[PDB]
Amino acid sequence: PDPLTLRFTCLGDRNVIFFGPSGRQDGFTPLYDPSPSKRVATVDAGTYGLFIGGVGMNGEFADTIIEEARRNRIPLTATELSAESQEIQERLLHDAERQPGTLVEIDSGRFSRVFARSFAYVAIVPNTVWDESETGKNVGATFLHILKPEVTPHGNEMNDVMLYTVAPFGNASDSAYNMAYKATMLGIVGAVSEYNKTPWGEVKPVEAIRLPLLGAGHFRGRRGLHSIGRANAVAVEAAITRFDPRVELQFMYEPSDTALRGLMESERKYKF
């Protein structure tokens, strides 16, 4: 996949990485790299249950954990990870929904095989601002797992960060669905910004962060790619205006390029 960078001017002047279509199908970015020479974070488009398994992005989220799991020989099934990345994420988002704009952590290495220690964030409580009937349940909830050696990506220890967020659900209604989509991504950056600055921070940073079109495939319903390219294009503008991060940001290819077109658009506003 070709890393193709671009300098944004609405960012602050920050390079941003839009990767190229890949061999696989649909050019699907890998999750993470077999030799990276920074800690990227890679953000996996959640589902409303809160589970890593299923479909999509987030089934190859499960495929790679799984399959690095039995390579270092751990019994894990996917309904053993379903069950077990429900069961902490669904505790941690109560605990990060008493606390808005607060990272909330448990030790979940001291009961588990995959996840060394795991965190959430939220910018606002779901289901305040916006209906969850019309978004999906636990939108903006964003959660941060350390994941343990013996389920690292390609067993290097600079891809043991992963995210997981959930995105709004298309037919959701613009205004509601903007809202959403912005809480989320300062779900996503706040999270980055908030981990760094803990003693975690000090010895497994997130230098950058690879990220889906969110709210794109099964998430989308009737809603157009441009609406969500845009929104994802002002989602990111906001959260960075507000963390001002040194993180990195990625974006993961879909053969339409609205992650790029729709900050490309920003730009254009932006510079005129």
Given for the second form:
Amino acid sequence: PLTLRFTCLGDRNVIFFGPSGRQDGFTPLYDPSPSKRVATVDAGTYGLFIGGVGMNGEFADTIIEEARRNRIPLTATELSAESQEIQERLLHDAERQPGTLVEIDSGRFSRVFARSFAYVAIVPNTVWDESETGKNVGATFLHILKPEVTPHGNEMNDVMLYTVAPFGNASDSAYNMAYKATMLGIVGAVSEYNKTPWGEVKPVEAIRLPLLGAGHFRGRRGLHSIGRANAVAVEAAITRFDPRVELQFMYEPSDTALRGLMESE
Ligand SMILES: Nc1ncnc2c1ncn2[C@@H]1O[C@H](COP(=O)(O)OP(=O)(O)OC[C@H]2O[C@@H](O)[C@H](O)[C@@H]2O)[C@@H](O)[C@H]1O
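Next block, the form deposited with ligand APR bound, ref. the form deposited without ligand APR:
Below, the chain from earlier opens the complete complex, with every other chain and molecule after it.
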């Protein structure tokens, strides 16, 4: 865990994982024995469902394995549908009221989610043209996981986030604006959540971020430009909310989450 204090983030300690004992080197979504409640961010898709491949595929696999371990019938198709319907409705309310943490008690009708939230810092398809970025970009959700689907059966791994990153082929104008909107949403949701009663009890105290839009949403875009877009976004979000939480950046071979912020440094 490479810890570096960043002056442009107002003297905040940011973590940067190196490679791991994997063929891919990816950081694990959640730790086996964490000291903090770490909410990992799902690199979501336009369909707003949990599944598919990449990092979105990991979340599904992890949730389902833990579900089957606790002898809860949960298939990939059920998780995809149940998560899409929820995040579809929460998106509707979030867009009705930008900059406000909407909510539904998913626990009443869910084997997976105890409680689900959403937050939209900027209405999709206003500041940018979604024809360039894809739809529902910037949207962000926060789910509290029921104990039976909680990674490694650990009470602290009971929070996740889900966001949709801009497609790389978007204009630098549209891309950077979508990326900051995306980051404001993540930090905003956690900020606003920690102010809720559930936040007092189960406060998020760190955020595990992948390099958003650096996988299948990269297209023809260069990883440097993404490191910039990410660096600028974090600066604004930190300046916006002045958050107490700790940012953690997962590992990918190019290490551009760090290089970009070093440029911002
Ligand atoms: N299993 C994985 N675990 C951890 N990190 C991963 C994994 N696979 C890729 N990554 C890395 O996480 C970041 C995001 O990965 P992706 O989700 O593949 O890229 P993204 O453009 O954000 O998402 C595109 C597509 O992939 C699905 O996750 C999702 O359904 C979306 O449609 C990238 O930096 C990538 O290196």
